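Protein chains: 2
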Amino acid sequence: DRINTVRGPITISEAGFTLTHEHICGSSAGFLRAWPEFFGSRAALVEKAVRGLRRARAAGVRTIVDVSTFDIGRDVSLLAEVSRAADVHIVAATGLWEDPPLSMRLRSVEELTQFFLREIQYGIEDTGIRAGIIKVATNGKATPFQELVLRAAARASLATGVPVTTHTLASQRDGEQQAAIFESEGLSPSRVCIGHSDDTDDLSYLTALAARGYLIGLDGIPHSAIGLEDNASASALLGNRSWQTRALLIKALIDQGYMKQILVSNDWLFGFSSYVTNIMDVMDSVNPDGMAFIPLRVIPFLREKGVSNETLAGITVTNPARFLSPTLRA
Amino acid sequence: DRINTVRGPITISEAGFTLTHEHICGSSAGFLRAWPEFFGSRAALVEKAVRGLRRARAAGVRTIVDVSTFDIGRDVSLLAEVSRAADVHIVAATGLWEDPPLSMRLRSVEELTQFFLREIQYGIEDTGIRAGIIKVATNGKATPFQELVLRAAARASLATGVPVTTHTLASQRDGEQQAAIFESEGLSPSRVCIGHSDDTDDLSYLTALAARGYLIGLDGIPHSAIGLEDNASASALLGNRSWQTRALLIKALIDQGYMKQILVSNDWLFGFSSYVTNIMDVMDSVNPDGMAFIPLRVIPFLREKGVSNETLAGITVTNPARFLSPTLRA
Ligand SMILES: *[C@H]1CC[C@@](C)(CC)CC1
Ligand SMILES: *[C@H]1CC[C@@](C)(CC)CC1
Ligand SMILES: [Zn+2]
Ligand SMILES: [Zn+2]
Ligand SMILES: [Zn+2]
Ligand SMILES: [Zn+2]
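Going down the list, the protein sequences come from chains A and A'. A prime marks a further copy of an entry chain. When you read off a place in the first sequence, starting at 1, and then add 34, the result is the number in the authors' numbering. When you read off a place in the second sequence, starting at 1, and then add 34, the result is the number in the authors' numbering.
No lab work stands behind these hints: they were computed from the structure. Please note: incorrect hints may appear among the correct ones.
[Stated by the list, open to error] Reference excerpt, derived from the structure (chain A facing chain A', CB under 10 Å, subset only):
hint, residue
1, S61
2, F65
3, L66
4, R67
5, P135
6, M138
7, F149
8, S308
9, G340
[Unchecked claim] Think about it this way: if two alpha-carbon atoms lie no more than 25 Å apart in a straight line, the pair counts; the simulated SDA-like pairs of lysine to any residue are:
hint, chain 1, residue 1, chain 2, residue 2
10, A', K175, A, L140
11, A, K82, A', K82
12, A', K82, A, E145
13, A', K175, A, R139
14, A, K175, A', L136
15, A', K82, A, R152
16, A, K82, A, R96
Cβ coordinates follow ideal geometry from the N, Cα and C atoms, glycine included.
Can you build the whole structure from these sequences, using the hints too?
Put into structure tokens, the structure is as follows:
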């Protein structure tokens with residue numbers, strides 16, 4: 035049993051402490067190549083990511099899942115360089131997020147399945163690097179094209195055993211429609227993580243997903259604009275619920291019997307061109323720990339609130355390995 | 035005086051017979067790298083383009099202006115390879131078309147100007163290849179972002195002397211708003227071609243642009259779905275006006291005194307991923323001459339209708355050189 039990373043297959047035991055929803059860079063296809071000065075320089079972005087991943091590794095992280103798709107401007111050569119330099123495994127993604135270009139938006143469910151399978155089974159671009167996860171997205175009711183993407187993701191997962199992870203507008207309970215479409219294609223919920231689920235406090239929605247077997251992505255714990263005075267763009271992005279409020283959803287699901295279905299992450303980035311200029315600076319001021327926020331702050335917080343070390347080890351080590359290890363029914 | 039091509043600067047005399055609105059490939063940023071099998075293979079696309087450009091050269095073409103932007107998936111390395119193999123100069127474009135990703139759509143007018151200037155003055159990606167034209171787009175009333183793109187294009191042209199060429203929804207008379215925005219930034223109409231202008235028969239609109247000094251892009255002459263039975267997608271793309279009807283607009287503008295302001299092209303492509311699957315096959319059935327259609331069919335047609343050889347030489351050689359040669363007022 036092996037998980038594909040940007041430096042090759044690794045064993046399940048090698049994955050270790052794993053952050054399941056992260057980004058080296060949140061961008062757009064071709065953007066880093068065409069306009070590296072937007073990030074200062076490509077080298078500056080690399081250096082920032084390596085420093086961040088090294089600090090995460092010192093805090094105990096061993097693997098991150100970079101859920102950047104084609105249309106987030108995923109650059110697997112960049113991921114490989116940062117992964118080598120920081121000694122942190124990086125799992126790359128296929129799929130499509132919320133900004134597909136026309137050349138993707140016009141494609142059929144069969145064509146999309148071919149593209150996702152290409153990136154899982156053959157390689158990404160000419161790199162030979164294979165994706166270990168499929169990323170999809172809705173923001174409210176699925177567009178007709180997003181329905182095709184979700185179905186193609188299910189077909190690619192059914193052929194390969196690679197899991198699916200989703201972006202939702204959690205306030206619209208998107209996981210319900212995503213589940214319906216996935217299940218219509220015959221995909222096991224055990225192969226699916228419904229992400230950005232910490233954006234909502236609706237326990238009925240969260241437990242309805244977990245009851246049918248879905249993994250719950252509580253993946254934006256440090257995202258908060260509390261204490262940011264009069265920054266409309268940061269408030270729209272990050273919300274005004276505290277990181278403690280988000281983190282307590284981890285305890286809530288544990289207390290309901292779902293500890294094996296919880297996946298926790300920061301949804302951090304080291305560059306961020308697909309939003310307003312200087313958002314990365316704002317985010318780094320909110321959370322200077324970056325990707326180390328989960329082990330340095332969330333884990334001790336949950337221990338203080340009575341969650342055991344063993345349970346948190348299961349959530350951060352056992353659950354990601356069970357999720358990522360290719361299979362049709364985990 | 036020199037015009038930048040994908041193989042370096044050329045003199046005005048070297049440009050020769052020039053098609054001012056063409057594409058090697060109409061695609062999306064990063065798409066050819068990530069999914070070359072969509073085109074059969076990258077090599078198959080290269081071979082098809084080289085054969086087409088060789089046939090165009092045999093018909094008299096010496097230069098094409100590839101008006102593919104970043105978001106049309108412009109690959110200047112591909113353009114250079116095809117240009118070398120076919121012995122046809124290719125001018126590359128900067129700017130943005132109708133499918134910018136989030137990382138572009140969130141940018142300011144100043145940021146966009148920096149990006150356009152980068153591609154004109156420094157190089158595209160890491161290739162050192164510099165754009166010789168700026169391409170912009172509206173489809174009806176400009177979106178707020180498209181207003182910024184048009185202003186940034188004007189600023190980049192004012193700094194460099196490189197011309198601007200536009201995509202319009204001609205039925206909505208977009209050239210009127212485009213002109214208004216360009217002029218508000220102080221750009222000379224002599225540096226601007228309002229493209230897809232052969233999509234309309236409205237002489238009041240066309241002469242209103244030409245009267246204030248704009249160049250008129252009659253650039254889709256072979257685009258027609260006449261005789262295509264019950265193909266809705268091809269009819270939506272190509273329209274149901276004949277190529278003869280489009281070509282007679284060249285004569286119409288000559289007869290009104292605007293021969294020096296007419297630019298003629300095919301708006302052909304050798305691959306086309308940003309529309310429905312197999313559209314390239316449909317288009318090649320409509321116009322097997324491809325980019326050779328203008329010299330092989332339109333020029334003799336206009337001669338038969340009484341246009342002189344000298345006038346057509348002025349339109350196909352003199353006007354493109356005057357347009358492309360960098361200057362603030364041509
Ligand atoms: C991990 C161990 C199980 C509890 C204590 C719930 C019984 C939660 C922490
Ligand atoms: C080019 C020469 C001028 C005419 C004949 C109009 C007088 C048009 C063709
Ligand atoms: Zn997301
Ligand atoms: Zn994310
Ligand atoms: Zn166009
Ligand atoms: Zn075009």
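Going through the hints against the structure:
1. The interface hint given for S61/A is met, as the beta carbon of that residue sits about 5 Å from the closest beta carbon of chain A', less than 10 Å.
2. Using the Cβ-Cβ criterion of 10 Å, the hint placing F65/A at the interface with chain A' is satisfied: the shortest such distance is roughly 4 Å.
3. Nearest Cβ of chain A' to the Cβ of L66/A: about 9 Å, under the 10 Å cut. The hint holds.
4. Interface restraint check: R67/A against chain A', minimum CB-CB distance 5 Å, threshold 10 Å, status holds.
5. For the restraint placing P135/A at the interface with chain A', the shortest Cβ-Cβ distance is roughly 4 Å, inside the 10 Å limit, so the hint holds.
6. Interface hint at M138/A: satisfied, since its Cβ lies 7 Å from the closest Cβ of chain A', which is below the 10 Å cut-off.
7. The interface hint given for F149/A holds, since its Cβ lies 6 Å from the closest Cβ of chain A', which is under the 10 Å cut-off.
8. Proximity of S308/A to chain A' holds as hinted, the smallest CB-CB distance being about 4 Å (cut-off 10 Å).
9. A hinted interface residue such as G340/A counts as satisfied when its beta carbon comes closer than 10 Å to some beta carbon of chain A'; here the least separation is about 41 Å, so the hint is violated.
10. For a cut-off of 25 Å, the pair hint linking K175/A' to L140/A stands: about 24 Å separates their Cα positions.
11. As the CA atoms of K82/A and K82/A' are separated by approximately 43 Å, the hinted pair breaks the 25 Å bound.
12. Between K82/A' and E145/A, the direct Cα distance comes to roughly 22 Å. Compliance with the 25 Å bound is thereby established for this hinted pair.
13. With a C-alpha separation of about 23 Å, the suggested pair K175/A' and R139/A falls inside the 25 Å cut-off, and the hint holds.
14. With a C-alpha separation of about 20 Å, the suggested pairing of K175/A with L136/A' holds against the 25 Å cut-off.
15. For the suggested pair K82/A' and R152/A, the alpha carbons sit about 24 Å apart, so the restraint of at most 25 Å is met.
16. Under the criterion of a C-alpha separation no larger than 25 Å, the hint pairing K82/A with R96/A is consistent with the structure, at around 18 Å.
Comparing the model with each numbered hint stated earlier shows that hints 9, 11 do not hold.
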